[PDB]
Amino acid sequence: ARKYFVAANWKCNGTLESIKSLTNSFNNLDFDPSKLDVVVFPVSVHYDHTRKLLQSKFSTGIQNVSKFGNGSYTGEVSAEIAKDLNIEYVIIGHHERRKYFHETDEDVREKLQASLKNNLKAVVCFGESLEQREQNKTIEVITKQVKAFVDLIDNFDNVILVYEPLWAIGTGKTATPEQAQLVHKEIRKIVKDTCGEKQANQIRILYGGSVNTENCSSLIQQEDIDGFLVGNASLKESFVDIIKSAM
Amino acid sequence: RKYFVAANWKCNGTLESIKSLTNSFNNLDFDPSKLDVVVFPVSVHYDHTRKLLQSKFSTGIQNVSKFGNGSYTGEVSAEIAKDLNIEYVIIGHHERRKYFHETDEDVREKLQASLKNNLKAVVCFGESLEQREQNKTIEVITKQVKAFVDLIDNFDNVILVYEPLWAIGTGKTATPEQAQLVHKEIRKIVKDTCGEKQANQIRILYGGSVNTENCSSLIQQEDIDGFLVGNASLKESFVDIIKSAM
Numbered sequence: 002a003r004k005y006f007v008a009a010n011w012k013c014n015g016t017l018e019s020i021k022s023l024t025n026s027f028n029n030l031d032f033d034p035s036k037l038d039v040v041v042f043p044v045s046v047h048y049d050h051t052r053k054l055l056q057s058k059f060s061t062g063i064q065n066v067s068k069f070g071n072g073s074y075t076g077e078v079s080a081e082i083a084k085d086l087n088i089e090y091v092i093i094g095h096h097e098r099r100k101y102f103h104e105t106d107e108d109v110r111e112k113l114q115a116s117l118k119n120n121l122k123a124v125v126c127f128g129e130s131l132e133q134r135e136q137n138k139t140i141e142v143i144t145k146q147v148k149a150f151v152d153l154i155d156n157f158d159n160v161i162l163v164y165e166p167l168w169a170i171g172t173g174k175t176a177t178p179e180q181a182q183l184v185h186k187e188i189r190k191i192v193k194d195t196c197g198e199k200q201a202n203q204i205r206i207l208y209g210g211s212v213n214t215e216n217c218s219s220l221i222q223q224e225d226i227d228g229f230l231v232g233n234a235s236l237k238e239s240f241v242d243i244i245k246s247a248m
Numbered sequence: 003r004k005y006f007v008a009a010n011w012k013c014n015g016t017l018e019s020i021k022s023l024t025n026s027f028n029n030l031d032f033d034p035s036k037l038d039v040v041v042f043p044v045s046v047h048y049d050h051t052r053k054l055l056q057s058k059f060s061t062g063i064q065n066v067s068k069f070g071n072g073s074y075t076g077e078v079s080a081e082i083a084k085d086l087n088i089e090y091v092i093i094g095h096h097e098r099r100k101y102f103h104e105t106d107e108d109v110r111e112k113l114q115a116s117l118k119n120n121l122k123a124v125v126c127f128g129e130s131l132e133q134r135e136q137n138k139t140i141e142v143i144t145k146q147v148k149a150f151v152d153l154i155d156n157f158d159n160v161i162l163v164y165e166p167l168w169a170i171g172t173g174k175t176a177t178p179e180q181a182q183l184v185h186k187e188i189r190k191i192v193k194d195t196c197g198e199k200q201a202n203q204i205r206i207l208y209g210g211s212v213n214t215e216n217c218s219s220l221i222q223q224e225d226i227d228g229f230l231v232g233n234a235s236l237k238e239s240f241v242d243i244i245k246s247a248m
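Protein sequences appear in the order of chains A and B.
Heads up, the first sequence is in full-length UniProt numbering, so the first residue is 2 and it goes up one at a time.
Heads up, the second sequence is in full-length UniProt numbering, so the first residue is 3 and it goes up one at a time.
Keep in mind the hints are simulated off the structure, nothing from the lab.
Ideal placement from N, C-alpha and C gives every residue a C-beta, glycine not left out.
Where hints are given, some of them may not hold.
Capping the alpha-carbon separation at 20 Å, the derived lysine to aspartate or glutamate pairs in EDC-like fashion look like this [as the list claims (entries may be wrong)]:
1. A/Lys100 to B/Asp106
2. B/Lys53 to A/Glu18
3. A/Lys100 to B/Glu18
4. A/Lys145 to A/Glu187
5. A/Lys100 to B/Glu107
6. B/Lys21 to A/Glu187
7. B/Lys100 to A/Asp49
8. B/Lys100 to A/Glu107
Computed spacing ranges between beta-carbons, pair by pair [what the hints assert, rightly or not]:
9. A/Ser22 to B/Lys21: 26 to 34 Å
10. B/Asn156 to A/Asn25: 34 to 42 Å
11. B/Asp194 to A/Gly72: 54 to 62 Å
According to the in silico footprint, chain B covers these stretches of chain A (three or more CB under 8 Å from chain B) [unchecked claim]:
12. 28-38
13. 42-54
14. 73-80
15. 83-95
16. 98-104
17. 238-248
Using the sequences and the hints given, assemble the complete structure.
Okay, structure coming up:
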């Protein structure tokens, strides 16, 4: 059975003081890390502070990684550097980076390749827009996005997929847990056909739409939803209840 | 003007190499009231680097968000930098303009965010080989500088960097004389846009290839106030580059 995977994407939020308060509350939750993956993704400059405050039961990662290796790439953080610091996970292809920083499918591929080369675990995001869904292009879009990078996966425990329903993020539309489930099943089928049956049954596929204390249980109970990449709710002490839903 | 020597480590370093390097740096006795010496490590290396370096060394980061706090996965806001007392930011480095399509408008917005949050900004610009061969150096640099220069309200807090892109990875070499002329041109641009007192106050650093051999010939130029140093700043011999400014 697939190990559930609950992730906190803090995005560009936090102070030293707020993180101290939040991590303390997180540490009060007793869970078994051998049965459940719980991963926190602070801002890069907060990583050291965050890692030191969180008990080891929480895994940690960064919100982005360079497509380039070490060298003359001012402002970038390489996979090699992340590995040397024992940073376990990286987020790749978050829709915000695709949107504001024009990250492409090829950038995502190259980031994944670098991450795996340096023995990092990767949380890889993709998903279709409102226009794409309205044109009935969900499967076509996700197929292309997944096929951009899927052949790079060797160990299907170490790459975790995230479906972001962009059509339901800042559009006024909302995704039901069932509608998420339908796409998740479709994603798993794509992995099945591009990679293999065993591989597909192994891979974690997370929901990356709006997740809160009220809807997390309805989401996690869906057969092909293996967890979540959680936004604003993960900046709240009540995030522990979101973790509880996967326990 | 107070000389300014900056180590741009770019995307380089390990916990162990930084331990070794910062230790060698600490061995240099300099007066931080006489010259600024700023180290720019990778974001995830900032805490390690700040802790290891003695208080005489200033520190910064190699990039900052044009956006504030919020839903900008992967970005570091000026607000976050301020909360950590990260003193300096590099803005507009040609590598970010090249690989990440950072624009003049991006540079302006990043400068604005930085100043709003009391960050000191090291702002980079420079012309390509094609632009120089077409005698567009002044035109190009004027446009790049004018993208942001009206935001400077304190001329100690913004530091300019001329990157001779025409002499970076092209096989071409910039002489200290050539660098000085551009710096002179840049200071005149700042005079035209901000005033004489302001132009005479602002640091303008050389961002071309700087090493232990050439550093003195560059900093002794009238309008070159220091450097943003690249791979030479990953060496223990970087102390000798600092010495050229002492």
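For each hint, the structure was consulted:
Proximity of A/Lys100 to B/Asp106 is assessed by CA-CA distance (about 19 Å); at most 20 Å being required, the pair is judged to hold. Taking the CA atoms of B/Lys53 and A/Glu18, the gap is near 19 Å; set against the 20 Å cutoff, the hint holds. Of the supplied pair hints, the one linking A/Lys100 and B/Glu18 is violated, its CA atoms being roughly 36 Å apart against a limit of 20 Å. Restraint check: the Cα-Cα separation between A/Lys145 and A/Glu187 comes to about 13 Å, which is no more than 20 Å; the hinted pair holds.
At roughly 17 Å between alpha-carbon atoms, A/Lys100 and B/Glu107 fall within 20 Å of each other, so this suggested pair holds. Distance hint between B/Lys21 and A/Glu187 is unfulfilled; the C-alpha atoms sit about 49 Å from each other, more than 20 Å. Only pairs whose Cα atoms come within 20 Å are accepted, and B/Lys100 paired with A/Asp49 is rejected, the gap being roughly 30 Å. Taking the CA atoms of B/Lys100 and A/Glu107, the gap is near 17 Å; set against the 20 Å cutoff, the hint holds.
At about 31 Å, the CB distance of A/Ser22 to B/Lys21 agrees with the hint of 26 to 34 Å. Here the CB-CB span from B/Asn156 to A/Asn25 is close to 39 Å, well matched to the stated 34 to 42 Å. At about 37 Å, the beta-carbon gap between B/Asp194 and A/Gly72 misses the expected band of 54 to 62 Å. With 0 residues having a beta carbon nearer than 8 Å to a beta carbon of chain B, the region 28-38 of chain A misses the requirement of three or more and the stated coverage is violated.
With 7 residues carrying a beta carbon less than 8 Å from a beta carbon of chain B, the region 42-54 of chain A meets the three-residue requirement, and the given coverage holds. With 7 residues having a beta carbon nearer than 8 Å to a beta carbon of chain B, the region 73-80 of chain A meets the requirement of three or more and the stated coverage holds. Remark: the region 83-95 of chain A is confirmed as covered by chain B, as 6 of its residues place a Cβ nearer than 8 Å to a Cβ of that chain, reaching the required three. By the rule of at least three residues with a Cβ nearer than 8 Å to a Cβ of chain B, the coverage given for the region 98-104 of chain A holds, with 4 such residues.
Three residues within the 8 Å Cβ limit are the bar, and the region 238-248 of chain A against chain B gives 0, so the coverage statement is violated.
In terms of the numbered hints stated before, the structure departs from hints 3, 6, 7, 11, 12, 17, listed from lowest to highest.
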